[PDB]
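As you look at this complex, bear in mind that one protein chain is not there, while each of the others sits in place.
Chains here go by letter, A, B and C, matching the order in which they are written, and residues are numbered from 1 within each.
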Amino acid sequence: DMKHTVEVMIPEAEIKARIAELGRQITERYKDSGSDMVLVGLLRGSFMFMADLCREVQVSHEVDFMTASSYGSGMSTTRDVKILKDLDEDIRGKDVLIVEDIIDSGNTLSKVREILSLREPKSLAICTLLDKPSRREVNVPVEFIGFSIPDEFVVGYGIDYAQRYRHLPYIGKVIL
Amino acid sequence: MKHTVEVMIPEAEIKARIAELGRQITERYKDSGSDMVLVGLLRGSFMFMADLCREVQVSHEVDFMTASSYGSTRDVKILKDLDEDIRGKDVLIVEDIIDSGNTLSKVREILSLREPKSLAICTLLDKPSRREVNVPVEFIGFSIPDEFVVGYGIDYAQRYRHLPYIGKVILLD
Amino acid sequence: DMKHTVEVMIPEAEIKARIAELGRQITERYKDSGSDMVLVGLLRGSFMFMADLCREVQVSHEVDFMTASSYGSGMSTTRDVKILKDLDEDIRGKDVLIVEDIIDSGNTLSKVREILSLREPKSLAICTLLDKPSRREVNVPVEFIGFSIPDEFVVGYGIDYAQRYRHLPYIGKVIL
Partner (left out) sequence: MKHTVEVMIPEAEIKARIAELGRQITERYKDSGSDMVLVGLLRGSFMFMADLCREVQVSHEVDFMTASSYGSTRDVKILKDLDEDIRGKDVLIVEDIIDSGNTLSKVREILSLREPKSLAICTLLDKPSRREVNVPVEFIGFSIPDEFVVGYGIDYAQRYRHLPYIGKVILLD
């Protein structure tokens, strides 16, 4: 809780345009699979990205969600990744696309991929809106990236700052 | 069951209606002063929540619950509770369809125990005909007859959640 | 995490004897109900008490469990009581006995009773192994009490001290 301002990093229109492209790419990849497809969102951060993204995915798919253990940025480095809420549906034999808002360290996401892989989906890929590779701690396969971004603390579009700013239609950055 | 899907409420009409809802919601809670939170019932309300919260011009938090779903006489149970506290906060439950009102009626009671400052419901679709339990609903996007609709988060055997419009399922025979 | 010792407060044999009595009383109360009965344990603390107690309850019943939000002793006074894991079964129209290890302030237990009451069981009662009334903050109906105890920090028999001592077969007290 410290005095700050929020500057725009990615305007609403740019996000919309990029997600349209992501949609085309994801559609092109999975259109001929013939197996069931499901987009899996990591709550809470990816709810907005999921809503906009799945509307641009022109393939019959299911939408499902998952809540993994959060903790701080410092305790997440030393604590187990736990399932606070598992999927509602099966993914065995299905094309699964994990929908993430932002990959910073990539710790939690890495563990989540491992967990879902045990369920033997036909395929398992990740789509993140934002990637901050300067902050990457764990090597993790990421098939779709909306934006590779600077080393900034970002907010908006589902992403929060102490539970604040999730409803912003753009990606902003916190300036102390 | 062989079927098809026709547009009932176009994407453009949904967007317009939500913008209006956002203005109404903004107006009711603008001078509250207390923390505000929009609470979505998963999975159905995720898309409605995304668009709606972007039209609410009040600083608020977004949270989610998952209540037990059995289909069309069992206990309403919490599969996933809120992540944050709501005591002393303005709380708006965000729902996709109100039909029988059973689950939502119980979810409201459960949240009411936590003593929020206020507690209200916003639903995209309302089917007044199928109501079994009378539950107050302050904000309503559309009132429809007893039609089986899909899209915009609403599914049919897990299908069609990703449609940008509300559509009607036409059974073929 | 501070240097301490554990002294016995209620020896294993005394717990066994008292639970036998509790069993007789609970049996006498519910033997003629004719409706289904379920004992509901609040995890993790009441797992041992539940195992021993239900074996002394000579009435056909179901065993179910529930995990409510924990937090510290200081944050539990200002945070909502949340359901981390709800019951597996319905309780509507059933005789429900909530099985608790210890009632200190009684905050969390109070809220849990409220939540279960919404499901309209035929009856709803509470059985706690230990009651510490000197520390009671909220007035809550408690139908069965194993022991009313001094203002001591107790451990053992499911009850922990920073996750420690749950497996002790007796009730002990922490001495700094």
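Keep in mind that, in the parts below, a contact is a pair of C-beta atoms (placed from the backbone, for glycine too) under 8 Å apart; a residue touches a chain by one contact, two chains touch by 3 or more.
Trainee: Give me the visible chains that the unshown chain touches, in label order.
Mentor: Counting the whole assembly, the omitted chain is in touch with A, C.
Trainee: Taking the entire complex into account, which one of C:50, C:81, C:129 or C:171 touches the absent chain?
Mentor: C:50
Trainee: I'm checking contacts with the chain that's been left out. Which of A:21, A:114 or A:137 qualifies?
Mentor: A:114
Trainee: By the contact criterion defined above, which parts of chain A meet the unshown chain? Give residue numbers in ascending order.
Mentor: Contact residues on chain A toward the absent chain are 69, 79-84, 86-87, 90-92, 111, 114-115, 118-119.
Trainee: For review purposes, identify every residue of chain C that touches the missing chain, sorted by number.
Mentor: The list for chain C reads 39, 41, 43-44, 47-48, 50-52, 54-55, 57, 60-65, 67, 70, 84-85, 88-89, 158, 163-164, 166-169.
To be clear about the criterion, only the chains that are shown with their structure count from here on.
Trainee: Counting in whole Å, what is the centre-to-centre distance of chain A and chain B, each centre being its mean C-alpha position?
Mentor: The computed centroid separation for chain A versus chain B comes out at 23 Å.
Trainee: Calculate how many whole Å lie between the centre of chain A and the centre of chain C, each centre taken as the average of the chain's C-alpha atoms.
Mentor: Once rounded, the distance between the two centres reads 41 Å.
Trainee: Can you compute the centre-to-centre distance for chain B and chain C, using the mean CA position of each chain? Integer Å is fine.
Mentor: The separation of the two C-alpha centroids amounts to 37 Å.
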